[PDB]
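**Q** Once you have looked at the hints, place chains A, Y, F and U with the ligands on chain B.
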Amino acid sequence: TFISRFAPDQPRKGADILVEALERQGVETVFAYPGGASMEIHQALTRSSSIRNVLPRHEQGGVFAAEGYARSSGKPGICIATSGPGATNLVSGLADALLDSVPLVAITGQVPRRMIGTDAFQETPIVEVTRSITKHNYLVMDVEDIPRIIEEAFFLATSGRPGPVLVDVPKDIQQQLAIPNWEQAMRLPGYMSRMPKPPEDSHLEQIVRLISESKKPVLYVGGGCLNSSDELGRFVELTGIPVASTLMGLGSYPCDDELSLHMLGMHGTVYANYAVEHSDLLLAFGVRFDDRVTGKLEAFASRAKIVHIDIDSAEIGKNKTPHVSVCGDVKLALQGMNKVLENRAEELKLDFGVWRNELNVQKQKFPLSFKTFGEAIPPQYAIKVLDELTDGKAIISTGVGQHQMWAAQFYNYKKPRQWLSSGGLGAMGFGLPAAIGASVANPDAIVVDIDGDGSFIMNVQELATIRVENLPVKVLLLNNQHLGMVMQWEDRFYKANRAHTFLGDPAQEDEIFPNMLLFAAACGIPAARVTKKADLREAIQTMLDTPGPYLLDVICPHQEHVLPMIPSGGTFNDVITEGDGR
Amino acid sequence: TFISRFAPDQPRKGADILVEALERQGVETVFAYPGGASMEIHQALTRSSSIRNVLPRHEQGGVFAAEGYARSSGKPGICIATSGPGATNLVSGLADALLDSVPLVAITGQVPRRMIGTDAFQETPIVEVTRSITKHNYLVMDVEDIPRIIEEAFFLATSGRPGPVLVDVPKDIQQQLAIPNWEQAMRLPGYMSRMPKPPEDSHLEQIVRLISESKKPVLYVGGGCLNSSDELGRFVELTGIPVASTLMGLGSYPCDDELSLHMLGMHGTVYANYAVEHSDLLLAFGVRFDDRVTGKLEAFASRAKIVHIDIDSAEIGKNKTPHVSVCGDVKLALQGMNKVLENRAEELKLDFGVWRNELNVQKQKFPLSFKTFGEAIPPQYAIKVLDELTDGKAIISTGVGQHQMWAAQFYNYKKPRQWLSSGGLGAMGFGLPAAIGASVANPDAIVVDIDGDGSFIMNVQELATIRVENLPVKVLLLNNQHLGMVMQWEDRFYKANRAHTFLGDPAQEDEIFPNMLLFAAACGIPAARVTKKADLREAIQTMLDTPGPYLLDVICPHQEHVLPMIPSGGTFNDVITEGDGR
Amino acid sequence: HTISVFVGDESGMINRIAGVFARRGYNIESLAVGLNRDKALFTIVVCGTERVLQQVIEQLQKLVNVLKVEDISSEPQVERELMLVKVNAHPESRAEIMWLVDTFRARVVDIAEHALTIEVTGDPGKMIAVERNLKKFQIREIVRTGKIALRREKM
Amino acid sequence: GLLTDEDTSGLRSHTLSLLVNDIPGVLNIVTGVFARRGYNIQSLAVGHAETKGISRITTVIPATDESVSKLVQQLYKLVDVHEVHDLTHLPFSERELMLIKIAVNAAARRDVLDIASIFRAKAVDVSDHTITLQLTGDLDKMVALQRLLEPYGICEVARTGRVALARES
Amino acid sequence: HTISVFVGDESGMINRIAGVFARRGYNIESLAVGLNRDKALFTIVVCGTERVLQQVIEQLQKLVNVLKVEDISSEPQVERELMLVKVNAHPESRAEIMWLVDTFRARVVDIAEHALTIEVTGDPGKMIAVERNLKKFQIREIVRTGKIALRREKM
Ligand SMILES: Cc1cc2nc3c(=O)[nH]c(=O)nc-3n(C[C@H](O)[C@H](O)[C@H](O)COP(=O)(O)OP(=O)(O)OC[C@H]3O[C@@H](n4cnc5c(N)ncnc54)[C@H](O)[C@@H]3O)c2cc1C
Ligand SMILES: Cc1cc2nc3c(=O)[nH]c(=O)nc-3n(C[C@H](O)[C@H](O)[C@H](O)COP(=O)(O)OP(=O)(O)OC[C@H]3O[C@@H](n4cnc5c(N)ncnc54)[C@H](O)[C@@H]3O)c2cc1C
Ligand SMILES: Cc1ncc(C[n+]2csc(CCOP(=O)(O)OP(=O)(O)O)c2C)c(N)n1
Ligand SMILES: Cc1ncc(C[n+]2csc(CCOP(=O)(O)OP(=O)(O)O)c2C)c(N)n1
Ligand SMILES: [Mg+2]
Ligand SMILES: [Mg+2]
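Protein chains in written order, with my numbering: chain B, 1 to 582; chain A, 583 to 1164; chain Y, 1165 to 1319; chain F, 1320 to 1488; chain U, 1489 to 1643.
The following block holds chain B by itself, in its conformation from the complex:
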C-alpha cells in the first residue's frame, strides 16, 4: 500500500483512524471546515502531512470545492464539516453532487451519542435531512465501523452511479479509541449485488446492428464518458456517428474538432438541436435525458430509436424509454463497442457523411453568432476569445445562468474534467469555489473561472481561500449588473417584469455595482475592470500573465439574453436565434 503514518497494530482514537482512513483510500486533500465537533478531525488532519486540508470559508464553498476537486480528478472530493450549519450547507453541494453525479464524501462531525436525538447542541439530523440528496449516508455509531464505512463510502462515491456519500461521525466517536482494520471488508451486500456488470458482447452488436438501419444516427454523450480520455472520440473516429453533447457532456468529447457538435438542449445550440431531432439513433451514452434536453416529453427525438446506456440501471428509461439498453459503465461499454468495430472494420461503412453534412451545412447556418451592441464589451465575446487565449486547456468553472450558458455554448473543451458546473441542480455560487477544488485536482492547470452577476458574489467566501492558498483561480466575471438568466426568463415569457433581477442599487443604475475589484484588493489578488471594446482580450492577456489568481470584471450590457431558449417543456419548433433586451 502506501506508507503507514501510524502503528498498524495499536488501538488509538477515532481521529487517528479518520484522517488515516482517507489516507488508506489515497486521499490527498479534504475541504474540511472545523467546528464544535469537526475539530477533532482537524486535531489529526494537521497530523496528516499528505492530506493538506484546503480550509474553506463557507462550507458550501467547501462542499462546492469537493466537486471541482472531484470532477477534475475522477477521484471523489471530500468535504468535512460540522453539525448545525456546517452540515446544512453541504446540502447545496450534496444536491449538486446528487443530480450531476459528482462523487463526494461528506464527513461531518456529529453530536455525542448521549446528546443525539434530543437536539441538545446543534444537532441537525444530518442523515435525516440528507437522506434524499446523497446516494448514501452513514451515521456511524462505533469506531470499528468507520473503516468499513469509509471503504464503502469511497466504494459508493466513486463506483456505481457515482454520487455523493455522507458520513456522520459523532464527536465522542472521534474521541473514542479503537482499532483501524482496513481489511475489515465492506459489509455492503446490497450495492455490490447489482453493482452493474460489464455488458455482454452480443448485446453490443445490437447497437452496431442499429447503426445499419440508421443512416441518421447521433451520439448523445453525457457525463458518462468523463472517465474517457479518447475512448469516446476514438469510437467516433472508428464510426462516423456524429457527436452531440449535453452540458455535463461538454469536455468528454473534444468539442473543438470539425465533427464536433456542441451541448444540445433548451439553452443548447440549435445546430445541435436539428441533429438530435431529425435523427434515427440516439446514442444516449452516459446521460440521463434531462428536462433542459427533452423540452417536450415526446417531441425529443420522436422519430428516433434510442439506445440509452448508463452506469445506473435505474436511470435507464427514467424519462422516455429507449429501445435497447445496457447498464454498462460507458467507459467500459465503449471498450467492447470499439472492440467489435476494429474487428468488423469496413463491411459496413457507418460513415454516411451526408447526414453529418446535413448538419455541417447547419454548422455555419445557425452558428454561435450574436451582435456587439455599442463599443461596450459584449458578454459572450469575452468567453469566446478566452478559449483562444487559453489553448482550450483551461478547466472552466462556472456558476449558473448566462455565464453558465455563454461559458457552455462557446468554449472549446479539449479534455474531459474541463467543464465544471452545477448542471441539473444549478447551484449558483458554484464556480468560484468550484475552481478552488479545481485548483487542487489539477493544481497546475490554468483554471480560469467564469462567474456571473450574482453567482460571483454568492460565494466570495472563497475569495479569501484563494489568498490563503495562492491558487490560479483566474476569476472571469460575466457580470452584467443583473441576474440575467431570470431576466432572460422574464422577457421571453412574462412581460419583462424586473423583480430586482438587477443586482445592484437601482438608485445607482448607470454605474458598476459592486466595485468588485476591491474584493481582490480585500484579499491581495489584483483585478481588472473590463467595460469596452478597447480591452477585449487585453486584461485577459494580463490574466494569464499574472501568476496565481486574478479577477476580470467584464461588465456586460444590462439586458442581455441567451440564445437559444426553447419554452419550458416546449416543442422543438420553438427553437430561436434571438435576443430581446435592447
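Fair warning: there could be bad hints in the mix.
Claimed, not checked - In the DSSO-like style, the derived pairs of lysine-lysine whose C-alpha atoms are separated by at most 30 Å in a straight line are:
hint: 1; chain 1: Y; residue 1: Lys-1300; chain 2: F; residue 2: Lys-1441
hint: 2; chain 1: U; residue 1: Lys-1624; chain 2: Y; residue 2: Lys-1300
hint: 3; chain 1: U; residue 1: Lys-1623; chain 2: Y; residue 2: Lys-1300
hint: 4; chain 1: Y; residue 1: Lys-1299; chain 2: U; residue 2: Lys-1624
hint: 5; chain 1: Y; residue 1: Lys-1232; chain 2: B; residue 2: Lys-318
hint: 6; chain 1: F; residue 1: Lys-1389; chain 2: Y; residue 2: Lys-1203
hint: 7; chain 1: Y; residue 1: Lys-1300; chain 2: F; residue 2: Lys-1371
hint: 8; chain 1: F; residue 1: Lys-1441; chain 2: Y; residue 2: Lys-1318
hint: 9; chain 1: B; residue 1: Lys-320; chain 2: B; residue 2: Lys-363
hint: 10; chain 1: Y; residue 1: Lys-1203; chain 2: B; residue 2: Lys-197
hint: 11; chain 1: A; residue 1: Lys-887; chain 2: F; residue 2: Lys-1389
hint: 12; chain 1: Y; residue 1: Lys-1318; chain 2: F; residue 2: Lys-1460
hint: 13; chain 1: A; residue 1: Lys-975; chain 2: A; residue 2: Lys-657
hint: 14; chain 1: B; residue 1: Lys-13; chain 2: A; residue 2: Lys-878
hint: 15; chain 1: B; residue 1: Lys-318; chain 2: Y; residue 2: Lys-1299
hint: 16; chain 1: Y; residue 1: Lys-1290; chain 2: F; residue 2: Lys-1389
hint: 17; chain 1: U; residue 1: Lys-1623; chain 2: Y; residue 2: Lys-1299
hint: 18; chain 1: F; residue 1: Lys-1389; chain 2: A; residue 2: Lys-779
hint: 19; chain 1: U; residue 1: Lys-1527; chain 2: U; residue 2: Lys-1556
hint: 20; chain 1: Y; residue 1: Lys-1290; chain 2: F; residue 2: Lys-1441
hint: 21; chain 1: Y; residue 1: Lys-1203; chain 2: U; residue 2: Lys-1642
hint: 22; chain 1: Y; residue 1: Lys-1203; chain 2: F; residue 2: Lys-1460
hint: 23; chain 1: Y; residue 1: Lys-1232; chain 2: F; residue 2: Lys-1460
hint: 24; chain 1: F; residue 1: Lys-1441; chain 2: U; residue 2: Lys-1642
hint: 25; chain 1: Y; residue 1: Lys-1232; chain 2: F; residue 2: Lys-1389
hint: 26; chain 1: A; residue 1: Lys-779; chain 2: F; residue 2: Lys-1371
hint: 27; chain 1: A; residue 1: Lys-878; chain 2: F; residue 2: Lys-1389
hint: 28; chain 1: Y; residue 1: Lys-1299; chain 2: F; residue 2: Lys-1371
hint: 29; chain 1: Y; residue 1: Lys-1232; chain 2: B; residue 2: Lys-331
hint: 30; chain 1: F; residue 1: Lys-1441; chain 2: Y; residue 2: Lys-1299
It should be emphasised that the hints constitute simulated quantities derived from the structure, not laboratory data.
**A** Positioned in the frame of chain B, the structure of chains A, Y, F and U with the ligands alone reads:
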C-alpha cells in the same frame, strides 16, 4: 377587511393567490432570491406594493434575513428561494428556526408537478429534504388550496414552538389558473389536539405553593419569554427572583436591573451559573435545557426542584427531567401568573434578600474582567463600550462563536427581539444577514450588528443587499484572523496547538485579512478598522450617525479566551478560572 | 402495482424506503415490514402505472441497503392483510357480529362488554368487505397491517 | 440468504400506536422522527384507521418509557399525528400475520401442515415445490413456528410486524 | 411469581405445602395439584415479590417430601386454567352465551333449562375475561381449577 389587489372571482395564476395570501396574513417583507423555477411569485410580487422584496445575495443570507426579520419583529418572516438549489440554501436557516424556535415561513417554488423528484432540472425534493428540520413542510398540488396551507403555515409559524414552515409550490401549480377560495378553515386536525390551552392557576398553584417553599429560586428564562416584553419584568416585580437569561431570552428580562445575571450556563456569566447551580427550585420560563447550558442532565441544579413552562409539550422533559411541570404559552400564562397572584401579594414569600445576598458577594468575586495586554482591544470591553455609546436600546445581530457570547455577557439588553442569535443552530454566517431582517423589522431603529472574522466573511455577500435596500446596519467585525470559538476548544479540551484555527493568510498574518475596508468600499459602503481603545469610542461615534449602513473592524486579540468553558457533561465544579490563548 | 423489498444491515431501513416514495412523489397505497436485527421484507403497493412502477422498482435500488426488489404484481400472489378491528360490542348488535366474524373466519382476541376485538385475515377483497360490511356496526378503531404478498411458487 | 430473521422484539420494546393523516408521505414523516430521535424501529406496520382519511401506524421501538416519553410527545410535534398511545404498559392484542413459504417434499408436507394445524395456520398456498403457511397471533407463536420451521426448507418469511390495540379487558 | 412443586411418598402432601405458605404468611394466589399414589405436581402462584419468592422456593425445600421446586415464572410458561362455570341458561339470555362460549372455545358439558355448564380452558388472561365478560350474565357457581404451568421447552 383585506384590501384585495384583484377581483375575488378572478381565475388567475396561483402566485397571485399566493402573494395575496401572504399579505392576507398581514406580512410586508419577503426575502426572494429570484426564480428560474419560482418565477411567477416574483412576478406576482411585482404587481404588489404592500409586500416588499428585499432580494438577498444568497438564499442562506435570505433565510437568515428571514430569520432576522422574524426575530426582530415577531411577525413570521417569509423567505422565498428558487426551487432546488436555492431551496437547499434555506436548509441552513431552516435548521436555525427549528432549533432556535423562530417563527419562519419558507415559501419556495418547485418544478412542474409532472416533474417532481424525477431527478429533474433545478430540483431538490426539499419538502422531503427538510422534513427533519422544519415544523412542517408542504407540497400543495392544487391552486384552490394554496391559501389553505398558507394560513395553515402562518398558523404553524405562530402556534406552538414557533418553527419554520417550508411551504413549497410547484412551478406548474402557479402556472395553473384558478379562483382563490380564501376563507377555508385550518386543515390541521391533529395539531389542534395539542394547540396548547391556557394553563389555569390551579395548575399554577403548585408553582406558587412552592414559591414560598422556594428559599433559593432562580429565574431560568430564555426563548419562551421572546414575547414577554415586561411580563417577566412584571413577574420579578411581583416576587423578585434572580434571573438566568439564555440567548434567545437575552433582552426579555432587561439585563440592567438589580438581578442583572446576563447569561448562564457553560459559556455564560459565572455568577449566573452560581445563581443556577445553587438553587433549590429551578424555575424555568421557556428554555430548551441544552447540553451547553446544563453539562450533565442530572447534575445541572441537582439540588433544585425544576419547574419549566413552555408552549411546547415535547420540550417538557426532553433534555432535562422536571420535578413538577406545567405547559402553556408563557407570556399568556404569565399574564395568568402576575395578574392573578395579587391576591397572594400579601401571602407570598418575597424572602429572597438572603438569596439576593449570595449573588451580591459573588457578583464581583466572580467578575467579567479581561486582559488588556498592551492595547489590543478587549471585545468584552468593546460591547461595554457599545452600550456606553448606542444610547441604550439597540437591535443587535450576531454570527456565532467567541464573538457571540461577547454580545451576551457584555451588553445591557433592554427588550426581547432587540437581540439576534443563532444559539441552538450555532449558524456561522448569521450576523450580516440577520442585520438585513432586523433592518426591515425595525428599519429606522438602531440595527447594530457584531460579526466574527469568519462568520462575517461566510455570509459577506449580503453587503450588496444593504446598498440596494439602504439599510442602516451597523456591523462590527470582531476580527482575530481565527476560528475564535474552537481555538479555546484546542486549549481547554486537549492541547494548546494552532490546528487549523488560523483563518488569516500566513504570508501577512500581522496584516489584516481580509481587508474589510475594501469589502465595504467594494460595495460602496463606508467602513473602519480599529485596534486601539482611543478610536474605539470614536468609531462607534462615527457609526451611529452614519447615513445608511456602516462597517467597522475591531481587532480581537487572537489569543484571548472566555470563561467559562467545560467539556460536555460538566458542572460548575469543573469551571475554568482564567483561560487565555497565551 | 405492488413491490416486495428485502433490505440489509442498517437502522432506520424504512426511512430510506419511505423517503424514496415521498421524495419521488409516488404514493404508497400500503406498506408493512417485518424488521429484524439486519433483515426486513417490505411489502409495498404503490398506486401508480406500470411505467412509474418500473421506475421505483429500480429507483429503490438506487438505495444501497436494498438487497432485492421484486415487483410481485405480475405473479399470482397471496395478498394477506390482517385487520385487528375493535368493534363496539353492544349485545343488541354484538349478536350478529358473531357470524359476521365467522363468515370472515377470524378469531376474536379480547372481548369487553362494549368492545370486542377481531382478527380478520387475508385477501384485501375480503378486507374491504369487513371495512364496509362491519362498518354498518359502529367501529371503535380499525388497525390493520399492510397487504403482504408472496410468490405462489411453481418452478 | 433467503429467509427473514426470527423475531422483532428485545427487552425494552415499546409499542406506539400512531394515528396519523393519510398524507402520501406520512410514513416518512413518522419514521423520520424515529430516525431523528436515534431510535431503531424494531417493527412497524401501517394501515388505514377507522375514519377513512387517516392512517394508523403500529410501531415497535426498543426504548425505555423515559425515552419513550421523549418520543410520544416528540411524535406529537409532527403535524399529522392525531394521537400516539403507549400501549406497552397496558394489556394489548399483539396479532401479526406471517406468510411463511416452506419448500417441502410430499411426505414432509404432511409433517408441516400438522404443525400448521397446531398453530391454526391456514396453509394459504401449496405446491409440490413448496407450501406457504399463513399463521397469525402473538409474536411468540410467530417465533415458535419459525423456530420450528428452521428444520424445514423455509423460504421468504413475508411477515407483517406487530399490530396492536389495547384491550379493554 | 409462580412455583411448580413435585413431591414424593406421603399422605396429606398438601398440608406440608399449604401450611408453609400460611405459617410463612406468604399468600398463595392460586393452587392446584394432580395427586396420585406417591407423586403430585403442585402449581402455586404466590402474589409476592421475587425476594420472598426466592425464600419460598427454598423454604418449601425445607420440607422433606418435596422432590423438586422450580420457580417457573421466568420461563415462557403455558398457564392453562380450567373454569367449569355453571351459568343460568335462560333462553332469553342463553342465546348469546352460545357464541360467548364459542369465542372462548369451550365445550358445554351439561345443559338444563335454567343451568348450563361450560368448560373454559386456558390463559388466565382469557379466564379473567370469562369471569368478567360472562359475569354480565347471572352466574350460578364458578368452579375453577388453579393455573397450571409448564416449560415451553427448547433445549
Ligand atoms: C439554467 C440551466 C440551463 C441548462 N440548459 C441546458 C441545455 O440547454 N442543454 C443541456 O444539455 N443541459 C442544460 N443544463 C444542464 C442540465 O440541467 C443537466 O445538467 C444536463 O442534462 C447534464 O447532463 P446529464 O445530467 O444528462 O448527464 P450527467 O451530468 O452525467 O448526469 C448523470 C447521468 O449520466 C450518467 N453517468 C454518470 N456517470 C456515469 C458513468 N461513469 N458511466 C455512465 N454513465 C454515467 C449518470 O449515471 C446519470 O445517468 C442547464 C442547466 C442549468 C442550471
Ligand atoms: C457554542 C455555544 C455555547 C453556548 N453556551 C450557552 C450557555 O452556556 N448558557 C446558555 O444559556 N446558552 C448557551 N448557548 C445558547 C444555547 O445554545 C441556546 O440559547 C439555547 O439552547 C436555546 O435557547 P432557550 O432554550 O432558552 O430558548 P429556545 O430554545 O430558543 O425556545 C424556548 C424553549 O421553550 C419553549 N418556547 C418556545 N417558544 C415559546 C413561547 N412563545 N412561549 C413559551 N415557551 C416557548 C420552546 O420549547 C423552546 O424550546 C450557547 C450557544 C452556542 C452556539
Ligand atoms: C442557488 C440558486 N439560486 C437561484 C437559481 C436560479 N437562477 C439560475 S440562473 C440565475 C441568474 C443568476 O446568474 P448570475 O450569477 O446573476 O449571472 P448571469 O448568468 O445572470 O449573467 C438564477 C437567479 C439557481 N439555479 N440556484
Ligand atoms: C460552518 C460552521 N463551522 C463551524 C462552526 C462552529 N463554530 C462556530 S463559531 C466558530 C469560530 C468562530 O469564528 P467567528 O464566527 O468568525 O467569530 P470569532 O469568535 O472568531 O470572533 C466555529 C468553529 C459553525 N457554527 N459553523
Ligand atoms: Mg447575472
Ligand atoms: Mg470571528
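**Q** Indicate, hint by hint, whether the structure satisfies it.
**A** We went through each hint and held it up to the structure:
Simply put, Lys-1300 of chain Y and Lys-1441 of chain F have alpha-carbon atoms about 28 Å apart, close enough for the 30 Å limit, and the pair holds. Restraint check for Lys-1624 of chain U and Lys-1300 of chain Y: the C-alpha separation of about 25 Å stays at or below 30 Å, so the hint holds. Only pairs whose Cα atoms come within 30 Å are accepted, and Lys-1623 of chain U paired with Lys-1300 of chain Y is accepted, the gap being roughly 28 Å. Proposed proximity of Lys-1299 of chain Y and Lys-1624 of chain U is supported: the alpha carbons are some 26 Å apart, at most 30 Å.
About 19 Å separates the Cα atoms of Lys-1232 of chain Y and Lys-318 of chain B, which keeps this hinted pair within 30 Å; it holds. Taking the CA atoms of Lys-1389 of chain F and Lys-1203 of chain Y, the gap is near 27 Å; set against the 30 Å cutoff, the hint holds. The suggested pairing of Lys-1300 of chain Y with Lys-1371 of chain F holds, with an alpha-carbon distance near 14 Å, which does not exceed 30 Å. Among the hinted pairs, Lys-1441 of chain F with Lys-1318 of chain Y is consistent with the structure: their alpha-carbon atoms are about 19 Å apart, no more than 30 Å.
Under the criterion of a C-alpha separation no larger than 30 Å, the hint pairing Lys-320 of chain B with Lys-363 of chain B is consistent with the structure, at around 28 Å. Between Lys-1203 of chain Y and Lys-197 of chain B, the direct Cα distance comes to roughly 25 Å. Compliance with the 30 Å bound is thereby established for this hinted pair. Distance restraint check for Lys-887 of chain A and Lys-1389 of chain F: the Cα-Cα separation of roughly 20 Å lies within the 30 Å cut-off, and the hinted pair is therefore satisfied. Distance restraint check for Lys-1318 of chain Y and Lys-1460 of chain F: the Cα-Cα separation of roughly 28 Å lies within the 30 Å cut-off, and the hinted pair is therefore satisfied.
Taking the CA atoms of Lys-975 of chain A and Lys-657 of chain A, the gap is near 20 Å; set against the 30 Å cutoff, the hint holds. Simply put, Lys-13 of chain B and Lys-878 of chain A have alpha-carbon atoms about 24 Å apart, close enough for the 30 Å limit, and the pair holds. Proposed proximity of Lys-318 of chain B and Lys-1299 of chain Y is contradicted: the alpha carbons are some 42 Å apart, above 30 Å. A C-alpha spacing of about 39 Å is found between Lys-1290 of chain Y and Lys-1389 of chain F, which places the hinted pair above 30 Å, so the restraint is violated.
Using a Cα cut-off of 30 Å, the hinted pair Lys-1623 of chain U and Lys-1299 of chain Y holds, with the two alpha carbons roughly 28 Å apart. Proposed proximity of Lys-1389 of chain F and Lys-779 of chain A is supported: the alpha carbons are some 21 Å apart, at most 30 Å. With a C-alpha separation of about 11 Å, the suggested pairing of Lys-1527 of chain U with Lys-1556 of chain U holds against the 30 Å cut-off. The suggested pairing of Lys-1290 of chain Y with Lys-1441 of chain F holds, with an alpha-carbon distance near 15 Å, which does not exceed 30 Å.
At roughly 24 Å between alpha-carbon atoms, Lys-1203 of chain Y and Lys-1642 of chain U fall within 30 Å of each other, so this suggested pair holds. Distance check on the hinted pair: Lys-1203 of chain Y and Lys-1460 of chain F sit about 20 Å apart at the alpha-carbon level, within 30 Å; holds. Straight-line distance between C-alpha atoms of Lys-1232 of chain Y and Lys-1460 of chain F comes to about 28 Å, which keeps the hinted pair within the 30 Å bound. Under the criterion of a C-alpha separation no larger than 30 Å, the hint pairing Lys-1441 of chain F with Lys-1642 of chain U is consistent with the structure, at around 25 Å.
For the suggested pair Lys-1232 of chain Y and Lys-1389 of chain F, the alpha carbons sit about 35 Å apart, so the restraint of at most 30 Å is broken. The straight-line distance between the Cα atoms of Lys-779 of chain A and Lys-1371 of chain F is roughly 28 Å, inside the 30 Å bound, and the hint therefore holds. As the CA atoms of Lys-878 of chain A and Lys-1389 of chain F are separated by approximately 17 Å, the hinted pair is consistent with the 30 Å bound. Between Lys-1299 of chain Y and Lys-1371 of chain F the alpha-carbon distance is near 11 Å, which keeps this suggested pair within the 30 Å criterion.
For the suggested pair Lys-1232 of chain Y and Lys-331 of chain B, the alpha carbons sit about 27 Å apart, so the restraint of at most 30 Å is met. A hinted pair counts as satisfied when its Cα atoms are at most 30 Å apart, and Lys-1441 of chain F with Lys-1299 of chain Y qualifies at roughly 26 Å.
This entry does not satisfy hints 15, 16 and 25, going by the numbered hints stated previously.
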